[PDB]
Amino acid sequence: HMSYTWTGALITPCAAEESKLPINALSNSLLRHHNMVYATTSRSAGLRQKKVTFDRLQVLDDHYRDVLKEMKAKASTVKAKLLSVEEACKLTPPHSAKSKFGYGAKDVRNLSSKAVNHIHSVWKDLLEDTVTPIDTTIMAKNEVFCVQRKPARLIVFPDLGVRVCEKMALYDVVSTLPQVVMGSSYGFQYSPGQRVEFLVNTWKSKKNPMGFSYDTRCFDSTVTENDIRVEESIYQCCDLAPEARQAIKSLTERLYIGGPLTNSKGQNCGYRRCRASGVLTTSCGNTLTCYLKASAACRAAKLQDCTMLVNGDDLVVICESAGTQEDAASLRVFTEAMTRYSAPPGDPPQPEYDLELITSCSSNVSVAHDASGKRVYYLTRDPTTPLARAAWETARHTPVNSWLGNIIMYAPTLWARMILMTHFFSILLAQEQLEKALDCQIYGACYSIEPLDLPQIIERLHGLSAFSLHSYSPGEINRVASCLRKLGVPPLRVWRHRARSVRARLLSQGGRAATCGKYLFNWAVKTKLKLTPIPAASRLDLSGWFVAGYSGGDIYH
């Protein structure tokens, strides 16, 4: 029952990997402690292999089967459709990994005969053969962090042809089934403004609230053959075309439950018997499995008025407190149940009696005040990793612009507004790239976004108050200041100064640019402009935003 077996062949790169922060003329204006920032490489892959390789044991009781029966009954109400080849081709990111079979993602998107013909052949094979393990490639992710040094995370994914077939069989299912099965507990249905409302409303609904986050140790490696067969039994409760059923069964037996791991040089690295990080069903499978195990563990622990919020492997629970000693004992029971279900913790969970000290999806609730002095809740995080990734992106073009996803999702925060907005609008002005669309990821899917659309995007995701917040909390302010000292980032007084310049430049461009100057940087001037609802906000097509999660899913929206 091991998560992986290995041959000793190395996990190899496909191009040169940099680990040191690249430096250019713009670097010092953001961050001086360059030696604090690094990127992960295949050189640490071996250390990750060791961490992710362990035996799983799993004891399944009546609570587990009781929840699973309920989830199944809800899933039975879902009707899901097959996508056409052309619809699935349109969901492929332009820069997705090319096929081993002589075509690329651009050929897929174009519906080129070589690509479409091969995809039809993979589909036929999937319908005919429900036994043969499907090949996957294993690679080390290159991700940027601040020291305090993580080994590379691994990514495991099938060929591009197979990925298009996954979409055809399962895109509609994984996009629709989780919210039906899980209701308000499915986290990927929420925009940031919706997510903070749900946490606060939930917290407020309890007489004496308690909450905690649950950190599963290497969630993907804890997912067993049982878990993945249970996921398929849930998918199969849906009302589906017979062709879709056969494809889902085949994909489950041949790809999702396990298969051979091949490096970038074509050598066999070993064999996987746990979740693949780079398949379409990674997010939905992890969310269903986490929810099943956590709901059952809640019943085992006798938690009172229990609300869960689940985004894949990310779990928070808010419930009724029963006193500090019994809460501590209940959380032990919960952790023991989870452990018996094959989901033991990394960090053991702690009860918290302050909403603002709970982290979920790498974020906590904090409070600031709008133009009328009215309290507004918003989600924030420690800015260290966002700012390290921004320093890197200041000197290197990358396929995903973390800075842009961070402005979008953390737009209300003092650090996104003062540092990220200022710094990157400066760069776009100087380079005359204000109109250039950039790719970034939200809930695992890729979006191409125009930075001049940012004000309307932010009004939709957060409301107009995102542009007037002030009087942020002392905890939040100190956590930012602490980060700036650590990374060597100029203090906020300098940022306010630069923001005025940036704002004046943007207003001097007219049009969409001036709207960015007006809304995004109203905080930097004492003589304020009046900020009214933006007409363009009402016409923005944000469909496909905040419907589901697609981590590893190879989705472009």
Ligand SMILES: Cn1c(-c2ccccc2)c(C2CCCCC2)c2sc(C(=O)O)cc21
Second form
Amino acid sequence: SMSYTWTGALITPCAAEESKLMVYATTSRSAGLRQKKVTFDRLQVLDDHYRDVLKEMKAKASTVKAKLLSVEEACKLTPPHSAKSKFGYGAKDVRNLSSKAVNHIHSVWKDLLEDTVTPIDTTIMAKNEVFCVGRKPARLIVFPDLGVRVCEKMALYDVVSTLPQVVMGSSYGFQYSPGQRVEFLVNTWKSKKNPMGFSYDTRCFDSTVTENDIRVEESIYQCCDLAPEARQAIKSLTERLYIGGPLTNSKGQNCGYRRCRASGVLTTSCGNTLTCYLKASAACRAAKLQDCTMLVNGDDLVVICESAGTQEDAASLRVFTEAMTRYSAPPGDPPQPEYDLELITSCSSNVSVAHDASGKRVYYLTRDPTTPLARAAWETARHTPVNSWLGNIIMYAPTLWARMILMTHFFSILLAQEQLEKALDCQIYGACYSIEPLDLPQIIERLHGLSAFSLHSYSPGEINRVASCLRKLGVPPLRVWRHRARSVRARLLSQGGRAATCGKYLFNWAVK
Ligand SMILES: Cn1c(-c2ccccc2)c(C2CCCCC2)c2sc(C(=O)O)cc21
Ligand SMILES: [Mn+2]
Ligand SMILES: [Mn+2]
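Please give the other form, namely the form solved in complex with the ligand, since only the form deposited without the ligand has been shown so far.
Let's see the whole complex now, leading with the same chain.
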């Protein structure tokens, strides 16, 4: 079946959007190009490898017990800036347990229990994201109304937060902080006698997810020991929402119909990760890969196994790809065997190595800095809700580029504007935090360890990547950042207190 059908009505913005300050932001103007790419017929043919892996996943899922959340619990766990309901209340009313919201949520719940067939309405919007130099079109986001979204937590929050780690174990990527993720990847790599690894990412993954895939996911959830109302709600959600439904634009027009994964539902991440794990584990068996270990984060897969030799390895990957494709998930770019862990990129990132103060080798997670730099650039001139700059500084604190460029430039600006003490909203790991810049040393220490303030002797390859990207983008070279940092550090130190703590920890590297 067609992943989507379209009426011709346009995907419309609900606010002024911005396409420029090179660096661009996606807008609804490009929605059409995305629509075209994401619209196609799915062919899927399952085989015994698939059935066998599924069986094993269900056996694990059958050891999980999950509860319903009360309306109140689901209200409190609703994010503060999520889109308001069409029924007269918003997130803040949900979070503060307003009778309007609570009564509507209860009525949505009752409807889900009493009707398991009527397709539920969704809104479709174009995502506004910043990229750098062609242009990629806007990604689409499909979500139901706020009341429905609270009900999804009621039925499934306890499931999505407990089940995936049980079914997928160490392969469930979302359990890992950056350093833990590296630790898993390095230990896996070092465990193989002659390691080979590869990344795979599916072309339009959400569009490739079929009705059957979504029903198989539901059948995994129903293996859990659940309350009878939960079972009914999960069924109803699956039939009325997850498998598909009508799409409405921001102006209330009907845009069409969805027969694939909606991107804006509670189960998107868990379900995509489970479905990718299922197809990829079965594809590892088809390909006959030896001593396979997988890491999955949605449709971002890394596989590390024992090499069977160069040509053998190249042929097995084609076999893996062929299996993935029969299962509905062809790659954007064909996977390539890698024999150096540093060269495997997944979730836009890769493992690299540096040295701590003692000279000990320390592995850490990095990435190509072009997008982070471009987003930081945007945020110097505009301003937004996520403050990706700050998020990158935190998640990529041990990297040469976050330390030399992002930390420097941003403290430079905070100092100049006297806003060291002003908290900033920052979206990280799906949550919105209010972060004070002076709190960074503690945050980084907790997330990455003290060695993050002491890494040196970066790998040549990583240093040259940073240098190249700066050259490509016309940003000053590393020597200038070091000079700037020495100045930033002196200034911080001059202020004493916590400002000095920042200078000392964040900018220890810039000292002579
Ligand atoms: C060009 N440029 C950029 C930049 C612009 C577009 C995309 C990425 C980085 C930047 C970004 C500014 C925000 C932090 C990362 C670098 C800077 S700083 C600078 C200077 O002369 O001091 C020049 C630039
Ligand atoms: Mn993909
Ligand atoms: Mn992906």
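Positions refer to the first chain, counted from 1. C-alpha atoms forming the largest set that superposes within 1.5 Å between two forms make up the rigid core.
Rigid-core fit between these two forms: of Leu60, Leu57, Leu47, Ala514, the one residue whose Cα shifts 2 angstroms or more is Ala514. With the core held fixed between these two forms, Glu128 has its Cα displaced by under 2 Å. The rigid-core alignment places the CA of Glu432 2 Å or more apart between these two forms. For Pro451, a C-alpha deviation of 2 angstroms or more is recorded between these two forms after rigid-core alignment.
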